[PDB]
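Undergrad: Next come the chains, spelled out residue by residue.
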Amino acid sequence: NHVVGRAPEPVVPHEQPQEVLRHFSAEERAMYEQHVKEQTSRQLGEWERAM
Amino acid sequence: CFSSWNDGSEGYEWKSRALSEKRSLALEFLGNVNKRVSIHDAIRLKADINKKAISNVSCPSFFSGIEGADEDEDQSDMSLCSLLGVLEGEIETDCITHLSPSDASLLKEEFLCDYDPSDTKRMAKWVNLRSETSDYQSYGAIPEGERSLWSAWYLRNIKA
Amino acid sequence: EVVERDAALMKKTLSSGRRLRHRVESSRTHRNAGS
Amino acid sequence: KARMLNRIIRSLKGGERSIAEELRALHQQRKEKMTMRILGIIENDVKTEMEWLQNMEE
Amino acid sequence: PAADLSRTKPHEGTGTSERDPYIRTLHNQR
Amino acid sequence: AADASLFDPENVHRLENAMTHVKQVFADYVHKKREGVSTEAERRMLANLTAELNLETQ
Amino acid sequence: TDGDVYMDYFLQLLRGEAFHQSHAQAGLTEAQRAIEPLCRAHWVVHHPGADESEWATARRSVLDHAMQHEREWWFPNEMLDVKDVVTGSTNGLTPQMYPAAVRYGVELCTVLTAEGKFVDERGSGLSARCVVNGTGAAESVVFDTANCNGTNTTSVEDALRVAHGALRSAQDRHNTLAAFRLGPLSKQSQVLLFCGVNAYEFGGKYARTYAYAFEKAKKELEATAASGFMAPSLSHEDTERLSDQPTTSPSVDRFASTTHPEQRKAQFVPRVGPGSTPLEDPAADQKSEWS
Amino acid sequence: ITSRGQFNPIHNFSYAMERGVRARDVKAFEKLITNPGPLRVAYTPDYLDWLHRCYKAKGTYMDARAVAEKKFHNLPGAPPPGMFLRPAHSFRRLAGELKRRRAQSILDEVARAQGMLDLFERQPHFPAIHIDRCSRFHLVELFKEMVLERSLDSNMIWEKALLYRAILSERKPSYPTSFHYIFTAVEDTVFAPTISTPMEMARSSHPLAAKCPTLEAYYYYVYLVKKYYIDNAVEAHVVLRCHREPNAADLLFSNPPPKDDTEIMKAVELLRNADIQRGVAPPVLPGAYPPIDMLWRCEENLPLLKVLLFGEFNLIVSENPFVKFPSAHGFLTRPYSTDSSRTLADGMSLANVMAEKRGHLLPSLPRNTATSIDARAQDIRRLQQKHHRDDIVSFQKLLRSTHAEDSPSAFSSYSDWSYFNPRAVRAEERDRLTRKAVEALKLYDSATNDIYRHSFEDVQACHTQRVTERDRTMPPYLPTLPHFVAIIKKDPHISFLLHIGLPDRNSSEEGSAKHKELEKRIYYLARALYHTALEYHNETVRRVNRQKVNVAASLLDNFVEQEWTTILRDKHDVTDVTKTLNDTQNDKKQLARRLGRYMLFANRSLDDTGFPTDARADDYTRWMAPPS
Amino acid sequence: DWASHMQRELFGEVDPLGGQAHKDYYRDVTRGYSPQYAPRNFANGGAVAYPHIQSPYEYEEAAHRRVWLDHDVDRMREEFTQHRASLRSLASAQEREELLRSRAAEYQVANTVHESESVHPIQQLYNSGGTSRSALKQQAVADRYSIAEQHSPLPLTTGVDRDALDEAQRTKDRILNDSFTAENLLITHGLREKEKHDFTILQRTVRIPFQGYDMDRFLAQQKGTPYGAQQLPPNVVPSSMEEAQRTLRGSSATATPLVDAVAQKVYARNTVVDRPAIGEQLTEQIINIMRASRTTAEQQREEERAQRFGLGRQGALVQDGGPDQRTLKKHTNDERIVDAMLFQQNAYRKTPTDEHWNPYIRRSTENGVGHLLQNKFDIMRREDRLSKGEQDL
Amino acid sequence: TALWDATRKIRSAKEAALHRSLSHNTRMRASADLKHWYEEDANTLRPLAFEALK
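Chains as they are written, first to last, in the numbering used here: chain A, 1 to 51; chain B, 1 to 160; chain C, 1 to 35; chain D, 1 to 58; chain E, 1 to 30; chain F, 1 to 58; chain G, 1 to 291; chain H, 1 to 628; chain I, 1 to 393; chain J, 1 to 54.
Looking at chain A on its own, in the form it has when it is part of the complex:
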């Protein structure tokens, strides 16, 4: 009833937990954030285009 017509949860490949995000450096953290942002944006855009 509340899930009809909604995008699937965006799943970013090679998602990492905080236990390794803490070991990720600043540049590595920026790269990871850019990767997850791009994946989420492209998946939501694909769902919007399909709908």
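Don't take every hint at face value.
[Unchecked claim] Calculated cross-link-like contacts (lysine-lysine; reagent style DSS-like; alpha-carbon spacing at most 25 Å): (1) H:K490 - I:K376; (2) E:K9 - I:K137; (3) G:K117 - H:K571; (4) I:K376 - J:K35; (5) D:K13 - D:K31; (6) H:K516 - A:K37; (7) I:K194 - B:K22.
No lab work stands behind these hints: they were computed from the structure.
On the provided structure of chain A, position chains B, C, D, E, F, G, H, I and J as indicated by the hints.
TA: Showing chains B, C, D, E, F, G, H, I and J alone in chain A's frame:
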């Protein structure tokens, strides 16, 4: 885990650790003769500093209701007396359902009763709470036949 | 010989010790000097 | 004890549902207190045993 | 404590997880 | 009524096992709280064990 | 002790460039000042014969370009550059690290890219500029037509010629950059290898062994070329004569008691291979070399 | 190289030592440390005895070195315990000694620069400096070198100078004898009756009167000092930084209750009643000020410039003004995270924040999960409130502890002291000086192995064990960043995109942007692979570095496949003749098609060399599984 | 607003915090020593939200990055002094603010901060429980080196010299060899098949798990993927401030180079020691301390390896009953055992393929497929199959 | 594009010669190491563009 504490085969990680530490303590007490030495000043100082270091630590515990009470903390002691007259106008004219007798007893317990070391002893008594060192601290509890390498004397108190 | 010589040469760096440091009364509006 | 209990009692005395949620919150606090005292006796036993073992090792 | 960077025989494994069992029960053929 | 999980055997041996497990984890936590070593794993284990212990105490 | 200021020290401090910099020297940063000799050498090699006036009229321009774009060559590389010429071969470099050093240098020069520009000296004054990756290829070649006047009458061959000239300039620029990057390390390695032959397999008592191995390798390669590009068996089983197998060839047996069994084994106890087959001394049908 | 409590020297006595000057007693040492010129500096007894001990050690080392030269427990000229000394006139030894001299010169320069920065940062080591033996040129040079350079605002300079004069005049009785000379300049400071002229006209003004701003501003600053109990330069700086902001009622509210405005006005009026006699013999914020160019050019403000320099180089006391102005801490420096959450307590609900971040395209946060999120957010707020008190006190204690002395690399850092210092260094020049010092130390250590040698029989036994290329040399494929860059960039698809696949960078701005992004991703993947190879032997570090490799390779492969699809689909041909002539020979489309499938870098089996592993896939996955 | 404030702080020639010992600000060693925002997150539990360095190689990478950017910061500081002169010439607050925001936009200072890009509720919680994006914007003290690396060519050297790489390779080989021989000793003792037997005997007490009637639904519910199935992780108790800071400090303390560590330690001690030194004496002390530390580290590594593997004779060298008198103990390491296992592996081995005369041994895939691969066509086919995910032929 | 194709041809020729040598050599094949196929890849062989001019 909740399902790793029932009396069965689950919880191997801690069950094996418990058995191994019991056997290690028994072997150290019985066979290890190097740890039979009259203490000296170095041992006394090391024991004192170790006791202080152990004492200065605290147990970690976070509880939602306790922290919710701590948020309010102290407001006023005469606030109840002041608000009695304030609620005289409204609450008295409004019907108030009587609480359960169990809840009344709970309120009486929470106010009148204060935690005691005797209460802690009773709490540790209604559970078996067998100490890891009770047998070694008792007097003449270790039989000559049972103080052997493969004798399972330290496991005698285990009951399903 | 080299072990003994290194130990003798390095004991002073291993145990250098401490010295007393002079303390100056800290004024509220400035820093007091000394000589 | 003097502040929290008095405040909740006087605030939620008028509303029956409010007093019921106050009672259930009090029960939750009591359960947390009992768990805390169990952890306290556990901590004391662990401290005593560990200190004795440390002395034996020393 | 299974060692890392270890070459194991194809008929067995370290046993760390399901994907690497102690004994491989799945064939490597088609 | 016939549900086995409904019975919920209220026997103190589960509490005994919980006490032993939390004693072991607490001893490890205290020992690691002496040599300046991170106790994140011990704290998360304590969180899980104390949640289940709160259930048992209820 | 008397509190007198030393005249010589005061004059030295006054004449020192540290306290008051000249305006020209102030523009250059510490890195530019440190790499100035290398940039000057790489400039005078491309401009054979250079005076101080013509060097200084573009020192700042060349230094800024070098730092902005081609920073990898000039910036000191700890793996490549040498601090002391006298002890660069001995302490700066070691025999174990020399192949690693040269491999690092060649890989870095392979991935580093240079740039080159050419201008036509015939007809229209069109120009081209192109970058080269170091493998000989180009990532970008472009033409500038803004300088060209209002003709637009140049043909395809002129553009091809100016592109070829730009490519040649870029290739020469990259070759010179690689030479300047790898020079000192190569020279120190040369002197190290020449003077430390005795600390090597090709120097001293083992030079004769190395020469013999080289000659036998040449002979074996010629034999392989003769025999259909298929190498002779490691154990010389295809040799028709027993005098043709080398002494070092695995054909010759080493077991004591070449006649009595139970003593022709490598280890203390006889071993078996896959299943129960013998392992110490296989048979001809057992040592099948299919595929 | 400088720590939080370092004692970097400021005097150069090596010249005197090499010329033979020897301080024999305390009077001689003080005569050495005296500066016979401008900018006199007063020291502290601890710093003085430290310098004396350093001087005595320098003398003992110099005479020991002279003894070693004459010979030409263990003297500096003695060899290491297991080394032998080369002949003095040898190329190796001469080069090594030249490197020794260079490294020591660099270290001395670094120490002198660190001492100069320490002196001009107003650290407790140098309690004060005085400029009594300075001329107008020296005063203007100091002004330009410090105040004008480090001040972004010109009007703030005027405010600071007037506040310094006011606070100095108010605190005049409580000062040592050496601070009397500045009061002459304080009195000589000239103010202009700017407000008098409009009243007379009802506006001609002298240029010398215009150069000095006014006297009502000085009265306002005296009112400010009386109100806020200003007694030192750190609190002067704080109250001058955060008084123009429209929150001085609460932002500048001091921890002690401020004096009454009527009392302050009465004090100001009494001071004016004395000042008018001397001249014959709540105030609003001050207005505009004359330019600092006029300030440093005219000599009418020369006493004001001198007192400004005196206040800038003095009145710096090691104390935190935030104990006196607790609210001003959040404005002066970044507030605590717990306080930030307390201020943004009206952040609505964390469930609402999550919903607005996720957007409308997704399911709207099931109610049980939203309740759990809100409960967790409240618990986090409770934890922050509980730990805010403990964190502040514990953090200060840990900095000044024995652990900082034991491990000064991490715990000890400059500009980390408890007190506030408005003239703190940027910690970039100090970092550069530390870098120079450590590189000089590396050069000196390299030269110390060249100065001395091993035994001839030892090197003979070493040479008897030859080095072979087969197994006694480092592999040519040692892990380096260019080594991992080359293997990635030699891939056919990567090379195609770099050279001809992407649009030309020089011609097309978007082509340049795409080239920059491609290079960034390639460098990221290569760096991750390099780190993984370096920490290959360490299991946990290998796992986390392999996760980094996975992330970087996924990003690069996404970009590469996007670009390949775009360059395949960009068939922008107006006419069929163009298509036919493109298909006639090898164009970009056909060269891209000939390459074939692009193997994803995520699905690869590289290990410690950048080369595919020889082990089985199961073993490789077990090695490169994500950490548990 | 925050960008303008950060640009103004970067313009200023003073410490943004004025050297104050501020909470949740860390003087990172890798990032020179400029302060950085490291809040102590409580959603993860007493954890400092700041990168934790692992290797001195990463330390040297950061240091050489600062060396590479040293050129950028000088020109940037010249531009900053020009901008500060322009601000001093300016007299209007609005004009100053507009210039500050324009310069901040040009320098891309707002890109110094990094925002958590997450959509999953748990990932959003882990960052928004405490310091959200608003707090990131507020406590965002920028760095000149960060601005320099915002726009600068990427270095490739990594700053590790030939000696450092030689030492790294030597220690890597040593650690790998020691781990391999320890594992071979464990296998020779046979405790690995003891582990397998323990697994076999543990399988008796197990029971078949419940995969659910709808197996896909049950697996999804276990993963927490379906709508309403999300379960938040338990709220772990935060650590003490001392422990939270100590772990982060030790992360860099164990990753510092020996030369830098000893130099910092001796310079810190020089103020307190009763015999302070200056210049050449300090340099000699540093060199001696470094040499002593190196030789002691070598001795300690050798001694620990010898103790672990039981190296050396067991007592007197010259006994009545022969010089070789070893007393083997059950499930214990010994030099004789290691030598015996090496002898069994490679007694008279000339090549690894010495016993590959028979196809059954030759085609074994235990060690690897390197010997099985013999041509570039096969190598490319194998790598293509591995990249495509299908089984290697 | 033509220059890139020519460089690709040169690199492919060098790598193919390396492959021929590796496949025809058996003494090296006795060493069961895949490393030799990647060690001297088509980037570190004797004909070098940055050494062409010399």
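Undergrad: Each of the hints needs a verdict: does it hold here or not?
TA: Hints, one by one, checked against the model:
Straight-line distance between C-alpha atoms of H:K490 and I:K376 comes to about 17 Å, which keeps the hinted pair within the 25 Å bound. Under the criterion of a C-alpha separation no larger than 25 Å, the hint pairing E:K9 with I:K137 is inconsistent with the structure, at around 55 Å. This hinted pair does not check out: G:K117 and H:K571 have alpha carbons roughly 31 Å apart, beyond 25 Å. Proposed proximity of I:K376 and J:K35 is supported: the alpha carbons are some 12 Å apart, at most 25 Å.
Restraint check for D:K13 and D:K31: the C-alpha separation of about 23 Å stays at or below 25 Å, so the hint holds. Taking the CA atoms of H:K516 and A:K37, the gap is near 19 Å; set against the 25 Å cutoff, the hint holds. With a C-alpha separation of about 23 Å, the suggested pair I:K194 and B:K22 falls inside the 25 Å cut-off, and the hint holds.
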